[PDB]
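The chain that follows stands alone, in the form deposited without this ligand, written as structure tokens.
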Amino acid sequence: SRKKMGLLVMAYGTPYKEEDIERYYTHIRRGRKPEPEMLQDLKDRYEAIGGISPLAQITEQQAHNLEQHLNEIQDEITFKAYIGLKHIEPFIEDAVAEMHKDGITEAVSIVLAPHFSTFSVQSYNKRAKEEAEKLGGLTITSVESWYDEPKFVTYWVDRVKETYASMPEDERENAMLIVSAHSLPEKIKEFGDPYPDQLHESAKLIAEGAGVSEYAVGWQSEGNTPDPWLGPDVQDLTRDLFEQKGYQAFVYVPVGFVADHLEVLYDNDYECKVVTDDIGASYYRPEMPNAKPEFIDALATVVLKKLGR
């Protein structure tokens, strides 16, 4: 009775083992192999955050729990998850070819990043669709953004409320909430890319829901292309706000990220923590969504809304 549909779950990708780091960052750096000192530094960072292998496992669990949950909560469609990644196998093109090979004719896609950008989401969506077109007989409907899904907002609102409630009274009245996403080159503005506006809306929605009146928006994890990247960076922002108003606690919500990956476990929990430690402020960073049931239900809702179900 049920209609079969592919569920294409797309993400940046993460290395699967230490020996993957070289090829992974080469791919990110557009063919430019990192120098030996950069490779060793990267290996050290991954060791510092508890190792590499749990990273890719999170994406796999998110895709599979999403598949199973979608299949449980409605009775019209049977979904089959396929993971397509940007910077490591299985690549996006590989996943589409496999759906096509398995006889899938209709699919829905979603990127594991809630905010639309021309650089990331649009590019993944275009690549998926071009491959489907090249093969023929397979169509894909693509989710473009989902930062504004109530259930996803609620996830972060609830985590923020819990954090502020755990604070001693003096920190609670002198805390600052920093809401962030991965920086992109500023030149996306040339196309009217709504990515920065969507991060600001994410921050508004989360702060409002949590009852937090003092918050700011920052960016993190900028690459090293020559042209300017979106700022301010979370490290500079933290220090600027501290020098400005003397906050005693900083709460970091990297809403652009969905998992315990390097850019959270290192770029927040180490790099921002260095700054808060230096200024004598408390550091808080609530749990990332990962594959938790509340997050999986939000993602399932997004997918079913996109399909008009």
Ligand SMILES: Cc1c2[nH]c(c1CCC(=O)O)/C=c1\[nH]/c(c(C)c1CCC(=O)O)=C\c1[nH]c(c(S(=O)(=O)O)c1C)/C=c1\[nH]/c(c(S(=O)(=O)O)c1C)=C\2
Given for the second form:
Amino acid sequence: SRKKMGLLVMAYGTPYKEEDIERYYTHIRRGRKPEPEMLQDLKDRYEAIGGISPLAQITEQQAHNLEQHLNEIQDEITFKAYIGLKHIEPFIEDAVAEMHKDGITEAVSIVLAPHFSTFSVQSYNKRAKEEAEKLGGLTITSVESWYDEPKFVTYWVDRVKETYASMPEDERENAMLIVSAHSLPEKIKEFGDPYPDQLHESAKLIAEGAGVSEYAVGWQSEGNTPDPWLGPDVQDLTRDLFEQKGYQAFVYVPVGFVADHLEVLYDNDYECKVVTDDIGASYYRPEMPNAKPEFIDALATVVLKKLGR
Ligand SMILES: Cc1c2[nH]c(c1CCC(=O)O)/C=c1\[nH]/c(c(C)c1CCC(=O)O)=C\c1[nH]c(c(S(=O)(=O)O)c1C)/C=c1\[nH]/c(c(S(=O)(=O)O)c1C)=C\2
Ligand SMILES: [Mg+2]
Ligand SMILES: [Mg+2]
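Please give the corresponding structure for the form solved in complex with this ligand, as opposed to the form deposited without this ligand shown earlier.
Every chain and every other molecule in the complex is listed next, the one we just looked at coming first.
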């Protein structure tokens, strides 16, 4: 009775083992293999956050859980999840090829990043649809952004509320909320890319919902290319806000990210933490969505809304 549909889940990607680090970063750096010192640095970063292998399992678990949940919450469509990654196998084109091989003719895609950008989301979507057209007989409808899905906003609002609620009286009254996503080259502005606007909307929505009056928008994890790169970077923003107003606690909500990967566990929980430790402030970073039922239900709602269901 049910309509068979592909569920194409797209993400940045993460190495599966320490031995994947070289090729993963080469790919991110557009063919420029890291020198031995940087490679070792990277290995040490992964070791410090507790290993690489758990990290890559989250994306699999997200996709699996989302398929299962969508299949249970409605009765018209049977979804089959396929993972398509930007920087490591299974690549986006691999996933689309597999769907076509498997007799999928109709699919919905979603990127595990809630904000639209020309660099990330739009590129993934183009690549997916281009491989589908190349093979023929397979259409894909693509989610573009979902940062404003009420269930997703509520996820973050509730975590933020719990964080503040757990603070001592003096910290709660003198805290700063820093809402962040992955930095991108500043040149996206020439296309009128709404990515920066969507992050400030995300921050607005979360702060408003949590009853947080003092918040700021920051960027993190920028690459090293000759052009900038959206700023301010969270490290610089943290110190600057402290110098400006003396905040005693900083709460990091890397809303651009959906899971416990290197950008959060290292770029917040180490890099921002060094800064908060230095200035004498408490560090807080609520739990990432990961594969949690509340988050999977938000994603389910996003997918079905896109389908008009
Ligand atoms: C060393 C290097 C990096 N990135 C590039 C280079 C070598 C080219 C040059 O600088 O002349 C180059 C690019 N990154 C780009 C683009 C459009 C280029 C130009 C490519 C060309 O035409 O040659 C985009 C880009 N890049 C990154 C992302 S994002 O993570 O999805 O946000 C995106 C969208 C990520 C990184 N690129 C990096 C690094 S890292 O310094 O940490 O090793 C990172 C974390 C480094
Ligand atoms: Mg960095
Ligand atoms: Mg620069």
